[PDB]
Each structure stands twice: as structure tokens, then as C-alpha cells.
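The chain below stands alone, shown as C-alpha cells; this is the form deposited without S-adenosylmethionine (SAM).
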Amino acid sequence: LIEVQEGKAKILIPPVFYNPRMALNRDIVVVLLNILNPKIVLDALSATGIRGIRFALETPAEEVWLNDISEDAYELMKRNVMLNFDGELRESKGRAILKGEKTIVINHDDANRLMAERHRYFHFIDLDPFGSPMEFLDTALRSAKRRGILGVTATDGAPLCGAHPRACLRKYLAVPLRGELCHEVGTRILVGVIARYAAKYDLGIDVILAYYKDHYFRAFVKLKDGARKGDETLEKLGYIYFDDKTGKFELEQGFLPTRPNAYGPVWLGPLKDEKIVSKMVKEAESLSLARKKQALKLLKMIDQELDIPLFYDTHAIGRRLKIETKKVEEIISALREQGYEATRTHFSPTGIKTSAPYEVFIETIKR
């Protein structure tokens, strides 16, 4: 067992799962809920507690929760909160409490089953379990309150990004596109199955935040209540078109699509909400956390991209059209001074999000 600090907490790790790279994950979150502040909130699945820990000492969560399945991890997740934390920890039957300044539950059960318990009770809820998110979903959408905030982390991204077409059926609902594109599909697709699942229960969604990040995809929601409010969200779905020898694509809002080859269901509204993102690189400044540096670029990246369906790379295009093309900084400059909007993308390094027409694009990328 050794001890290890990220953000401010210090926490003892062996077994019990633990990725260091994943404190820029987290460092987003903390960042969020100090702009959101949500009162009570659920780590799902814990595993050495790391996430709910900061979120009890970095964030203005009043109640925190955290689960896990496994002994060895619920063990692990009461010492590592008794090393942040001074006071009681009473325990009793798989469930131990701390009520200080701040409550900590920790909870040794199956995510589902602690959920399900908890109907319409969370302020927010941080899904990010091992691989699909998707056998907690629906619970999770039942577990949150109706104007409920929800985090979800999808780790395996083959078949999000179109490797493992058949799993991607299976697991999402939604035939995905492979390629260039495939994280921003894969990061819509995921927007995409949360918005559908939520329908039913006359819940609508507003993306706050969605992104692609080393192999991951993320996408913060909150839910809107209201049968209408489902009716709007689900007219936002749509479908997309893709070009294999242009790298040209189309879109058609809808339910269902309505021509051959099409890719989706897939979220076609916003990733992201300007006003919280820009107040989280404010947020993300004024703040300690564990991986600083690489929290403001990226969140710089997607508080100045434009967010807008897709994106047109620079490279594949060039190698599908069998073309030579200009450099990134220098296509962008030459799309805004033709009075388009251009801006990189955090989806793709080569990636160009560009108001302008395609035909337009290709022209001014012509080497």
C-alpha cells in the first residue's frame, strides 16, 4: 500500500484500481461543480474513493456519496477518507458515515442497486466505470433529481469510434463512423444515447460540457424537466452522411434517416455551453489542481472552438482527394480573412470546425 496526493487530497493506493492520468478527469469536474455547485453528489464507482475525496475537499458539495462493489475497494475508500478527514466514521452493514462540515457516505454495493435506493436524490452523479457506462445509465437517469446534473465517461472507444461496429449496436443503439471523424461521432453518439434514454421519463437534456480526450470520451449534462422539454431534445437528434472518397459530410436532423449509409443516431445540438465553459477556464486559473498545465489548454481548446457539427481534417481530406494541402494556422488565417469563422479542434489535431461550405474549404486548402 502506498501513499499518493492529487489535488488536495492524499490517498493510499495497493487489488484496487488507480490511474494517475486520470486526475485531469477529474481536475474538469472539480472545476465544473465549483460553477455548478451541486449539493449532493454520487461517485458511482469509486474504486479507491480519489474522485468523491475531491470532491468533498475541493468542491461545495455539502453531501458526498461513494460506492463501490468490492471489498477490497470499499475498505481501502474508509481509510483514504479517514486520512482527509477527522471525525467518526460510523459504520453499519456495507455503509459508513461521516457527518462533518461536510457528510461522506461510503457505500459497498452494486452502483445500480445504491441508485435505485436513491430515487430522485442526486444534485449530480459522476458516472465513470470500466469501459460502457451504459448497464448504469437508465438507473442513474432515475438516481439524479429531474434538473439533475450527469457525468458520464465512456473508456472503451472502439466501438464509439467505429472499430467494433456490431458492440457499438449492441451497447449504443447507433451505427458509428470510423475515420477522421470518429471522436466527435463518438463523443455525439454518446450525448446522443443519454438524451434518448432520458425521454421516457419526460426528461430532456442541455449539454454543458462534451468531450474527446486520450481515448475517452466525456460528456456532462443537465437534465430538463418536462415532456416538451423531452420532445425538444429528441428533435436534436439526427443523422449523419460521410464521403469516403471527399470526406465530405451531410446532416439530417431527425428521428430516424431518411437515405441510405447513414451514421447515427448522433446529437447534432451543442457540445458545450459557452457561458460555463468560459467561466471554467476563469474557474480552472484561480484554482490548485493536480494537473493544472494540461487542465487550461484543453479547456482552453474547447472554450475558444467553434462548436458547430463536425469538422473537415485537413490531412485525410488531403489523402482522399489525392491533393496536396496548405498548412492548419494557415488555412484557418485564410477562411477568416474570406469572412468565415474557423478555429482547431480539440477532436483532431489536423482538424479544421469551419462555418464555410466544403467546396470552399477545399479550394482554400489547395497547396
The other form holds:
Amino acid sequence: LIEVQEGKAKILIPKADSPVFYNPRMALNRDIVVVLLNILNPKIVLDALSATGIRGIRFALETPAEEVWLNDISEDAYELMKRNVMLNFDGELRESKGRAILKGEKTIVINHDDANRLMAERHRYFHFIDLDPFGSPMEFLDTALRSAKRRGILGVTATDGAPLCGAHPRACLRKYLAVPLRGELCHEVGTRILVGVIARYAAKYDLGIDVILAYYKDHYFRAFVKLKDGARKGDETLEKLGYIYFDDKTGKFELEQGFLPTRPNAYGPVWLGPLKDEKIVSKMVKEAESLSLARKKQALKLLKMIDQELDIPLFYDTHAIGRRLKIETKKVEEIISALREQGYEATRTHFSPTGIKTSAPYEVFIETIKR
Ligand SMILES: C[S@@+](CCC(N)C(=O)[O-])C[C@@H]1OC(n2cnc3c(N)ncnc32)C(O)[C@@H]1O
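Let's see the other form, the form deposited with S-adenosylmethionine (SAM) bound, since the form deposited without S-adenosylmethionine (SAM) is already up.
Let us now look at the entire complex, which starts with that chain.
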């Protein structure tokens, strides 16, 4: 059992297969949540699957959250959670039947249980829930949508890019109830599928969603959504769903808005609405800068890219399109400059190193990239 530090938190992690899971590479993902929570200010928050407890501990130490819940089904994780919490906080941790509570400046609740059972007990209780599972979050989604306030925030992660990026089509249909698209656009389609499944599951509770921030990074998808209260809110949310058509011979895509597609070879359903709230993401860049984070340089690099990134469905991948059409292409920076000079919005995208988001028609893009 060695000690490590992440952000303002110091935790004990076992040494190697490990009894309690901890991934230092996820320090960035945790930094982004911290930044967002300092903008939204949720009071009651839940770290549904905390393992070592690092996420919830940082929520308590680095954000305005007043009541923080840490939960894990593993006995080992639970014991480690209590230890690391008391490693960062003073006081006596009162425990009773797989539940330990500390009532200090911040109220910390440590629970040993199935996330679905805990969330079912806390109906319409949390202002913010963070679902960070090992793989798919689908077995916890429906209950999280009932555990969060009707105007709460949901932070969702999916680490199984295989089905979301199209490698495992069958699994994607089973888990996400959507037809995935392979290729250069898969990182974004996977992200829009995640957001779209959250929107679809939310509808039955007469709730809609506004995406605060949804992105892809190092083989995992993240979606922060704000629940909207009302049947009409839910109707308008479903109206933002749609499908994608992809011509594998050219890289040209088409979009169809609607609950159901009306042509063959449709991919989706996917969320065709905004993948970010401009104002909030803009504020996150500033907030990240004024905060001490675990991976501050990587967090700013990602947030700045997303901040300047055009918020529009899909993009054109210079490399992939070049390979499909069998043509030579210009460099990305040369293409963006050329597109802007012609009056079209054009930016790079975090979804791909060679991707370009632009309002320009496919044909205009092709004429511009042709070298
Ligand atoms: C990759 S880890 C989570 C990490 C994290 N939240 C962070 O930033 O370190 C997911 C894990 O979820 C678990 N788990 C699996 N099923 C669960 C369930 N039904 N309820 C609560 N926890 C569960 C674990 O035992 C384990 O600690």
C-alpha cells in the first residue's frame, strides 16, 4: 500500500490484479470534473463507483460541494475509501452497517453497496452524479436519472470504445441501442451515441437534457448533461436526435433529424444537438487556469481546443478523405486558413488530429484540400 497525491488529495493505493482500482491517467478526467463543479456549484454530489475514493475526495477538497457521497460495492474499496477520507480530513468517522459519515465543514458519506441500490434509495436527491465505471455505464444510467434532481447534472463516462467506435457493432446495439459508425468519425459518433442514449432514457421521466460538455479523450467518452424538467422539455430533446449517412467511397456524410431514419444505411440514433455549452466551457478554461490541478497542462490543452472548436455535427478528416478519394491533400493549417478566407467557419477538432470542422459544403472542402 503506497501513498500518492492527485490535486489537493493524498490517497493510499495498493501495490501490484490490484484489490482496489486506481488509474493515474484518469487524473485529467477528474480535473475536468473539478473545474466544472467550480462553475456549476452543485451542493449534494455522488461519486457512484469511487474505488479508492479519489474522485469524491477531490470533490470535497477542490469544489463547493457541501455533501459528498462515496460509494463502491467492493469491501476492499470501501475500507480504503474510509482510510483515504480520514487521510484528508480530521474528525471521527461514525460507522454503522457499511455506511460511514463525517459531519465537518463538508459532510462526507461513505457507502458500501450496489450503486443501483444506493441511487434508488436517494430518489431525486443529488444535484450532481458522476458515473465512472470500468467499461459501460448503461447498467446504472436509468437509476441515476431517477436519483438526480429533475434539474440535476449527470456526469457520464464510457470506457468501452470498441462498441461505441464500431468495432463491436452487436454489443453497441445491445448496450446503446444505436448502430455505430466505424472510421475517422467514430470518436464523435460514439460521443453523440452516448449523449443520445442518455436523452432517450431520460424522456420517460418527462425530462429533457442540455449538453454542458461532451468530449472524447484517450479511448473514453465523457458526457456532462443538465436535466430539464418537463414533458415539453423531453419532447424538444428527442427532436434533437437524428441519424447519419456515410458514403465510404468519399467520406461525405449526410444528416437526418428525426426520431427515426427514412433511408437505408443509417447510423444512430445520435444526438445531433450541441456537444457543449459555449459560455460554460469558456468559463472552464479560465477556471482551470486559476486552479491547481493534477494534470494542469493537459487539462488546459484539452479545454482550450474544445473551447475554440466549432460546435457542429461531425467533421471532415483530411487524411481519411484523402485515402477514400485517392487524392493528395494540403496540410490542416493551410486548409483552415483557405476555408476562412472564403467566408466559412473552420477549426481543428479534439476528436481527431487531422479533422476539420467547418460550415463549408463537402464539395467546397474537397476543392480546397486538393493539392
Ligand atoms: C474503474 S473503477 C472507478 C473509479 C473512479 N471513480 C476514479 O476516478 O478512480 C470502477 C469500480 O466500480 C466497481 N463496481 C462494480 N459494480 C458496482 C456496483 N454495482 N455498485 C458500486 N460499485 C461497483 C468497483 O468495485 C470498482 O472500485
